[PDB]
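Q: Residue strings, one per chain:
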Amino acid sequence: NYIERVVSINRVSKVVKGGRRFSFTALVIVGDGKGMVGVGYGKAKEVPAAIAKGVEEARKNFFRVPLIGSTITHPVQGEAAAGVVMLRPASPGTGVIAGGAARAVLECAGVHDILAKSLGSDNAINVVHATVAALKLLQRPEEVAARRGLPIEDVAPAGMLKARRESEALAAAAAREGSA
Amino acid sequence: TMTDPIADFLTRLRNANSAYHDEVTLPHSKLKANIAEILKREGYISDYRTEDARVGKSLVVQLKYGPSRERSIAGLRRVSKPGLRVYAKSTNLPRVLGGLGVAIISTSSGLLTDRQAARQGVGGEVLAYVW
Amino acid sequence: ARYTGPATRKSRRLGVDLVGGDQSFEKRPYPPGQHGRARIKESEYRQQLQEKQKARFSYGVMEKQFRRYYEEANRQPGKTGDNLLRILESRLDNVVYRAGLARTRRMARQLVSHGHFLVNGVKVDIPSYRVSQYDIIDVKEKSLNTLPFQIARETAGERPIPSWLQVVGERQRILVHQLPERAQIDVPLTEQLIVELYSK
Amino acid sequence: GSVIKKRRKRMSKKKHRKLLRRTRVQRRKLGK
Amino acid sequence: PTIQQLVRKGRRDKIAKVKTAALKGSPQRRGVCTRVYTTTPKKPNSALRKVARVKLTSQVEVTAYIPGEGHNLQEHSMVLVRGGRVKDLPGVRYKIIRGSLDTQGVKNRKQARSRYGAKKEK
RNA sequence: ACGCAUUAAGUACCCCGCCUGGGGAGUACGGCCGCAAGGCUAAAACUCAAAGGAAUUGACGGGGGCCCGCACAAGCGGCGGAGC
RNA sequence: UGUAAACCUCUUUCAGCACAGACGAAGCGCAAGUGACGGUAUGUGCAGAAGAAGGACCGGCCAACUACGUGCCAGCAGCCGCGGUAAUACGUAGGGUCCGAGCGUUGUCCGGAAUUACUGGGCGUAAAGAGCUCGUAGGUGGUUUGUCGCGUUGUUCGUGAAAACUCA
RNA sequence: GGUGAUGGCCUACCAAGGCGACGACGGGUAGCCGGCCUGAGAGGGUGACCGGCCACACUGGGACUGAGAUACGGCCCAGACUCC
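Chains as they are written, first to last, in the authors' numbering: chain f, 35 to 214; chain i, 2 to 132; chain e, 2 to 201; chain b, 2 to 33; chain n, 2 to 123.
None of these hints come from the bench; they were simulated from the model.
No residue lacks a Cβ here, since even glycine has one placed at the ideal position from N, Cα and C.
The reader is advised that the hints may include incorrect statements.
[As the list claims (entries may be wrong)] Straight-line Cα separation of at most 27 angstroms, BS3-like style, residue types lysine-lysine; simulated pairs:
1. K15/n <-> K10/b
2. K170/f <-> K41/i
3. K121/n <-> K108/n
[Claimed, not checked] For each label pair, taking beta carbons as the anchor points, the in silico distance ranges come out as:
4. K51/f <-> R8/b: 27 to 35 angstroms
5. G116/e <-> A192/f: 49 to 57 angstroms
6. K10/b <-> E62/n: 32 to 40 angstroms
7. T24/b <-> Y38/n: 33 to 41 angstroms
Starting from the given sequences, assemble the full structure and let the hints guide the process.
A: Following this line, the structure appears as structure tokens:
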């Protein structure tokens, strides 16, 4: 059930003795819709083969996204070559609101509620890399408290833990109709 | 010349944490020692010693890394710099990293995090963010 | 104003059949026009616009009003989407439709606008009347014996009733416990893509 | 970087200084 | 820069260039067509684009495009001038709009009649 | 990006100078300096939808290296001149 | 095109026709009455769908596409640019779409523009380090004790008109 | 002296100071604000209705009256314009 999302298709041109020898590049994000996401860049003579290579590269380099509900743990500004993407968590119902690249990677990760904004290098590839760098900079409170050597309560805020418990209930207790 | 040993201390820390050093020796100041105490309490460092140098006193911070060399600190950021001092009221204190961080606040109740400062209802000079 | 044009074609453009009872779309699947079955470029804007228009033409609300509903939902707390659905369901045409007196929101709109209803004693010729908690929606004395309400009481077993609503009398008085939650709404639509649209 | 950016300024300056050498005495009779 | 550099010298936004200065803040203007004529566009395009040098009420003489198929315009004609960029014509930024008390609507427009001054026929 | 990399173009603090699309133009007007040359300060109208930076693939080079071919050189026989 | 239409049924909002008919006035007057708005709003009844839908767009941004006519002309266009007989970019038809008694255009402002960047930019080559020093004002300030409490911070009082904005 | 009142507000005399790169003096523009529009906010722009303050009443100057005067529908003068 992996959700896949192409963001950009570009006809690139090598030049040779005869002339322009073309190919196609597909930027394909794929995700589980629940927090695992991967990015791929497929380069191939034909568009569908490019997309397939992108899918394969993505499913190879999947990575897991920290979440507290259907948003992210904390705000974070990821940088790439020159893509700069701030991410800011958001209350539920405001909706993932972002440009098509950040939007695609977030929607494939399953982040339905988030604030995002590209601040440099409108190019979708570097934007996606910047967004991914942000998501990799993300830090779940459990591993944070481990990193500190403390409880979770005295490093994380009560609002985050409230939403955490709420989401955990709505996951487990509401998985009853799926498990039975 | 030197203009804020607080930023010097944060930078020695950041660069040593990047280079995976285990120790950080630097000059001593009561303020830097109190900051180091805050970092120790919040778990961003292992310990800090105050020893004697040839002339004055030194701080030796024993940093902390996980088993797979996980940096116990991910960032340090001086905020109340000379040239631009920033002060926070108790209401508009800053939440570092959505709260998973720690902002060092200098107040007349002493040196205490943004959490402690909001608890005690006070504010003051925002020295650093140490997520 | 309101859209007095064909009803099926909007549902056809938007996929979801809001009412039903046609064979063209139901045998050949396609949006209206000669260029049905055409190639589509699958844009998020079309997705979002299509949910917004789904709402608009499922109800009888136009964009300059739906925008106000969205803004009310965004200002007032909770999730903007379910607040918006609560608003769109907490209006007279929709409550009487959901109560089954009309079996079409167009018909409910005509009824309320023609004044075959009233609320807590005072006549109401406003389909956009935002009903509230603890609202008695009576029918007037000519209307209860008129043919449409005869048809209502006759065929008041076809479509279910929401929980937040209930009919109480053979005269088809209607009562409102509370305002609906997203479970109570029961509408073939999400609510996130619309707020994304209006956040664009 | 590139020398085209030098060459543009070069031509501008060359033409300006030619103009000045050409209008030297006119400019003197006017200014002075 | 430094904060003291800013408090001393400060930030100055780049000055936005006043545009359609011939209107002088107005949305439209009235003007007499001083010379109706035709111009040749830039290199990639080629056509005989209809224009008029119009002396507005702002005491400014400007060139103005005449959209639509036909136009009845001669000199000394009272005309209503709006803004609008015509790319292929370099030195022009203003257009003429029908319903100017001289510029009647275009003949046999039936799609975008509002943009060409055409009344509905029924 | 090339590359910088304890002589940072890294991590940071202080202070200063400077930039804000390309042209027009570091030009005009004004002013200052200067014997003068000219310099310093420094625009606008108008105009373009780019100017640009790095790197890639080719092509090209009156750049280089290596190698080929009646390509040249060495020869034989011709065409170009006549008529058909 | 298009459940659209025709045709069966229903409904009468609104508009129209007739009747009544205000609140606004614990008011004014100590005179017997007093409402400009107004015989208005609004309620009652009466007839029948009966009198009531346009505008822009459809190459990308920007959902929505074909045919015909014109082929570097006529024209279009906000930018990219489309027209050089097979035009989804011009014109017209259909059809679709976005709004809807509005729809489009122009003008002006903000946004988008992190494109004067405090939040929130930069300067080797992209625009950007003065040719280099000295040094005035200014900015900035190593460790430490005490004090002032100016900055800072907490609390309280007064003020921050009403309206606005926001919550109910 | 003058004012309702402090004060070069005015005057005689006395002293020679006062303001300026933290931008004096000039030039240009403009009524100010609550607010409005936009914007995530910071900010930017704006100053319509509504409400507050100011200023003005053909231009300029002046006072009188009065508790109170920029005295719109007041006075005097001068000027422009219109009229007998």
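Q: None of the hints should be skipped; say for each whether it holds.
A: Status of each hint after checking the structure:
1. For the proposed pair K15/n and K10/b, the alpha carbon gap of about 24 angstroms is at most 27 angstroms, so the pair holds.
2. A distance of roughly 26 angstroms separates the Cα atoms of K170/f and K41/i; the hinted pair therefore holds under the 27 angstroms criterion.
3. This hinted pair checks out: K121/n and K108/n have alpha carbons roughly 11 angstroms apart, not beyond 27 angstroms.
4. A hinted range of 27 to 35 angstroms for the beta carbons of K51/f and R8/b is consistent with their spacing of about 32 angstroms.
5. Taking the beta carbon of each, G116/e and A192/f are about 53 angstroms apart, inside 49 to 57 angstroms as hinted.
6. For the pair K10/b and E62/n, the supplied restraint of 32 to 40 angstroms holds, since their beta-carbon distance comes to about 36 angstroms.
7. For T24/b paired with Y38/n, a C-beta distance near 38 angstroms keeps the hint of 33 to 41 angstroms intact.
Checked against the numbered hints given earlier, this structure breaks none of them.
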